[PDB]
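The data below hold one chain only, encoded as structure tokens and taken in the form deposited without 3H-indole-5,6-diol.
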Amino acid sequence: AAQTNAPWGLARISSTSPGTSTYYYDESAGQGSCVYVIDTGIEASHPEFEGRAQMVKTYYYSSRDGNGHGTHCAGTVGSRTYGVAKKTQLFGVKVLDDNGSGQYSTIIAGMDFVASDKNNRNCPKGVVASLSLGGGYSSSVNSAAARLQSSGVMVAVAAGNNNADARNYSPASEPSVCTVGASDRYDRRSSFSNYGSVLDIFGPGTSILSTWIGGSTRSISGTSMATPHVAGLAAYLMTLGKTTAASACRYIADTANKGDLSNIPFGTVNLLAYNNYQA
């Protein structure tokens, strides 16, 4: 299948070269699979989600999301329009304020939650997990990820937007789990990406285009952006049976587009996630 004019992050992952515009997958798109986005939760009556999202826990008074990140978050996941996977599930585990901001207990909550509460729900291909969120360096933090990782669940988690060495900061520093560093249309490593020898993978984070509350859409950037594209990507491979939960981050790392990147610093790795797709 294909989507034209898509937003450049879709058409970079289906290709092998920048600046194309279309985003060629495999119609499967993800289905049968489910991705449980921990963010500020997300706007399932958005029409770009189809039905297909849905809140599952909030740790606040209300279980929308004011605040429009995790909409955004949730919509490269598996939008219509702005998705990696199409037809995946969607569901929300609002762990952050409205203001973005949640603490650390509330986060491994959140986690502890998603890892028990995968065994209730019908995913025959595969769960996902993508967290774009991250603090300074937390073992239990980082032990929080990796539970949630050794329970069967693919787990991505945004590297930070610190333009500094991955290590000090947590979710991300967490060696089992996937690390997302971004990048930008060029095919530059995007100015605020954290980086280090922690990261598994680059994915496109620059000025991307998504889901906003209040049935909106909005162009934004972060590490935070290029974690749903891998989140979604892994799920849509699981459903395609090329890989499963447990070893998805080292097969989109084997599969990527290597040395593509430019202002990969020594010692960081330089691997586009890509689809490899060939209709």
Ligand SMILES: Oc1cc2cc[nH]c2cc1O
Given for the second form:
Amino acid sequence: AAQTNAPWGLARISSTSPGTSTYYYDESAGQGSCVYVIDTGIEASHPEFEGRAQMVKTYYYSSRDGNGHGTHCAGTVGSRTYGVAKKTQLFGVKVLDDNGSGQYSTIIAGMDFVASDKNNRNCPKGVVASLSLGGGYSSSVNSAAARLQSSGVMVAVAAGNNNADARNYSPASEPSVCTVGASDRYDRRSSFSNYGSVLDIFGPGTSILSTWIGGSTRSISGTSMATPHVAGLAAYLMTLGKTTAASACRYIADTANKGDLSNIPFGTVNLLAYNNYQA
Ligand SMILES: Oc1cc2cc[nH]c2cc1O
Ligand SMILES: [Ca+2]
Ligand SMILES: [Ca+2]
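Please could you give me the other form, the form solved in complex with 3H-indole-5,6-diol, since above is the form deposited without 3H-indole-5,6-diol?
Now the full complex is given, and it begins with the chain already shown.
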């Protein structure tokens, strides 16, 4: 299948060169898999989700996304027009408030929640967890991320936007999960993207168009936008039967476009997420 005039990030992931505008993908499009977006919530009623999205847990007064960040990330994972895995099932867990902030204890609770909750869901092709969040190093937060991954969920986390070594940032510094850096449409590391040896892969993160609250759309930037590109790609590859939750990150790195990125510091991988689609 092919989405013509697709957002640059989607075209990039199914391309071997920058500057193309068609997103080529397998029609299975991630159906049968499930992706938990642990963020500010998801506007499930948005037309772009076609009823494939649902709030599953809040840690605040309401489960609605009053911020937009979570809805944006979810859209990149699996909305019809802006998503990587267009037929995946989306579950929202609101651990961040409408200002986009949350405390470590509730973020940890949200992760433990997902590890348990996936056991009551029908996700035959696999389960993915997308975490476009993070803060200063915390061994408890890293530990919660490692537990989720070991429970059998493919965990993808943002590297962070401090243009620094991701080793001092928690979600990102946990070695067992998939740490995602950001790149722009000219194949340069995004100027805000953290880097370092803990990064596993890079994904499109600068000026990413996706869904927004109020049934709208908006273009924003961040490793927060790169993360869902690979969470969505993992779901897509899992329903294709190419990999499993435990090895998806390594599989994505193994099959990535290598050496294409510029502005990559020595010691940081030069790998860009690639679906390897051949029609
Ligand atoms: O990168 C991000 C990190 C955190 C940490 C808490 N909320 C966040 C939202 C972000 O977009
Ligand atoms: Ca090339
Ligand atoms: Ca890793």
